[PDB]
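A lone chain, given as structure tokens: the form solved without the ligand.
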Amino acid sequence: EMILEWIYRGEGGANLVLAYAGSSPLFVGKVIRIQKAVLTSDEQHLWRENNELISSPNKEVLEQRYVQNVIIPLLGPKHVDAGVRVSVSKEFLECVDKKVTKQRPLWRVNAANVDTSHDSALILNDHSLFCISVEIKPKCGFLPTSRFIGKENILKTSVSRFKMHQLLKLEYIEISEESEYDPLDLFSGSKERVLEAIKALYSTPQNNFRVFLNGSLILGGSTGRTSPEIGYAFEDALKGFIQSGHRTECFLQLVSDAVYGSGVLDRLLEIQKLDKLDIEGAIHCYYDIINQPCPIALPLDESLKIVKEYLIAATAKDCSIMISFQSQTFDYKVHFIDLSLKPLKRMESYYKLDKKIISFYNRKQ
């Protein structure tokens, strides 16, 4: 309740996120997440064990309810925050939709603008405040086993989706350079491997690693490999916060610690592991679910449970982490961001891309 009649921050393949540059208290220490560009009969039934959710008139209530009633059950309220729907004037959105641009990338602006056809939107806490913030999009930290992975593709079990992906990514000139990062070290649950992988991240950040100083981006994009001058540049900007060219071994170590310590990565890999069958498997259920033939036996309910659980792992595989630091002794909050319910149609796309990735990496040999 209130209706609206804000400075650029970030943007994934869904929302614009802007920060609050004003003096109002309900809005201070907040950020507003805006949509770019309300359930299929099949979605309603997949998510039907929660009526409030399946009843939703628009996404804002939807994500909000999803996160609160589907996810928070799984991750606890500590690192999660459901969001606050909030009214908006269509004219508001157009106004912003120009205040944007600029910092805005291009291959991105291309695909999507702001959805001027919502009058709703999400307000969230600005985990870049309380300061040095890290955001990790870890991606998937495990390997499959599922007896539904073809024989032809026996690498899906020995080489991570992320790693196989970088290759293709490359062929398509998304990234100029293979990433060092191995989501396995990170989800490996050991202090030693955590740090390996966060150095990996610093090293070549891409769209996984990002650092924020009083809300201001000082490392990260996605990006190409950290050229040594950016090193001194970044190590420079550190001068102050950290008492120590060592401020940057120490800082990574400081991240290593909070990530491993909070053990937030574990209470995550579990949800990611809800993908019990892998898309090669789960795709068959999807078609039965929707009423068509698996162009690639269990009761309707088990199939549904399966596709459903897949989509929740799917949420957890595409989320990001935020770690904040203050005051050597430091404070820190870890929070999850980007915990969206995935469209049921993505099942065809999920499988599409998987097919393509495993097929390309299989060639490479």
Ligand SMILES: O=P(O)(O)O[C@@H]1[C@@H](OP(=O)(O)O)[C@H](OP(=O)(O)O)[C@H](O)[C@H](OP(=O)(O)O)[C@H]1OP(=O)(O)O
Given for the second form:
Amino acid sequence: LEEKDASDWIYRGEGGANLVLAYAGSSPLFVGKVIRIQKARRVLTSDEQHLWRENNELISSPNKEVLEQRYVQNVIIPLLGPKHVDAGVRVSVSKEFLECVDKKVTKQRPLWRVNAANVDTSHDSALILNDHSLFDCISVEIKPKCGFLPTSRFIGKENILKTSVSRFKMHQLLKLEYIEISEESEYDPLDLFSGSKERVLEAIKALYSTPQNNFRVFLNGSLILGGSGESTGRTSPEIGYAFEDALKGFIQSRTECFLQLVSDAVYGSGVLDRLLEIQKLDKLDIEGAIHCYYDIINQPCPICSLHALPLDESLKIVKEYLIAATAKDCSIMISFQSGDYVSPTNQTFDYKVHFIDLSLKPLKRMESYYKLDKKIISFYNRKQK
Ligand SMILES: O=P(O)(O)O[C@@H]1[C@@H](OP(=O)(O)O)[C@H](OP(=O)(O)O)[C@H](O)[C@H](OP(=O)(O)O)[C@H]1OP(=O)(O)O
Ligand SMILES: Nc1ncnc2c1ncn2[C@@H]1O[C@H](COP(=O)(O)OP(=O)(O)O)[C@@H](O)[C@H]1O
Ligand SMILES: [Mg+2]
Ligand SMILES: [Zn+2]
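Given the form solved without the ligand above, what does the protein look like in the form solved in complex with the ligand?
Complete assembly follows, chain above in first position.
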């Protein structure tokens, strides 16, 4: 892949860690593909090698692309089944390709995403996945987050709100406080993962209203609702109307029909149940896991029973924490086009559900995970009153 192929890629979005471009070309090699490119903010550490030592191919990975590839394949797939997970094929890229591509997209990237990161033009590799906004095609991206309450004996007396109130809902307050969002989200993950149909519908309405970085809709691969590479403001009446109009033809009628159809899809695919069992791989909560983290790296625990545990035990706990970290921050894409089908307008739609962004979380991140958790609850406690 060379500098001149850069033209054949168009901006599609990004998260904290990767840039994503869809193919606008004619090449059979790349039709229906997106290209996923790692960013450098501004291979495995010794402790990681040991943590994930159970998979040897995984920890001998030469670069980060093959790393995520094997992670998903060897650690995640066995857990979520391969029907909705794609580990993505690896492709070679040149420096001038990434540089040029990076030059190209800056214009459509959000400002604070540009301040924080660019493309890591030092990588000689990049991941090619299937464009899930392509089966007319209406795809929907959901970022569910953690859909459960912690229950740990390791959550302090001073933190009696963490077993009652979702981490999402507490985080909304902090986000708002640092001018990262404009108004509190109506979305509640507990509704989405509730495994009740009525309550999934509730969550999907809630997502439509205040989408933030949790909800997005694409027509033939182009954003029609939701922020581009970022969070977006509440859906205003102008937004409502233009999204409504973007629907014509697809929903024979429209917005409420669409949300019902999304709700029925999610629910009847039970794709969120399996995801939830993985998230729940966080059996102790950070307030528990962090102690094990300090044993692992053989550092005296600054935070101070959990320490009386065998290394292998401590290791599996921090391992599964990170694995749940991954499930807690992945996303789901559901493709729609007129056993996996959905049905007033009398239409029946086919649909496909995929997992995206199953990224391996850096072990070092256990420290800032604890720092942030600490910050979330102490800000939520203060507020009540
Ligand atoms: O810590 P969280 O729960 O806020 O999750 C982060 C997400 O924030 P969110 O609350 O969804 O707005 C966050 O999303 P944004 O960057 O805020 O769009 C990232 O996806 C981040 O992962 P990473 O930086 O790409 O490795 C996420 O970090 P991890 O928890 O996966 O390490
Ligand atoms: N296979 C795919 N099909 C369609 N869109 C995708 C695909 N992979 C990524 N994207 C788009 O690009 C965005 C960034 O993807 P993601 O893998 O979440 O990046 P990050 O690792 O930075 O969080 C996603 O939110 C999604 O809309
Ligand atoms: Mg993601
Ligand atoms: Zn400790």
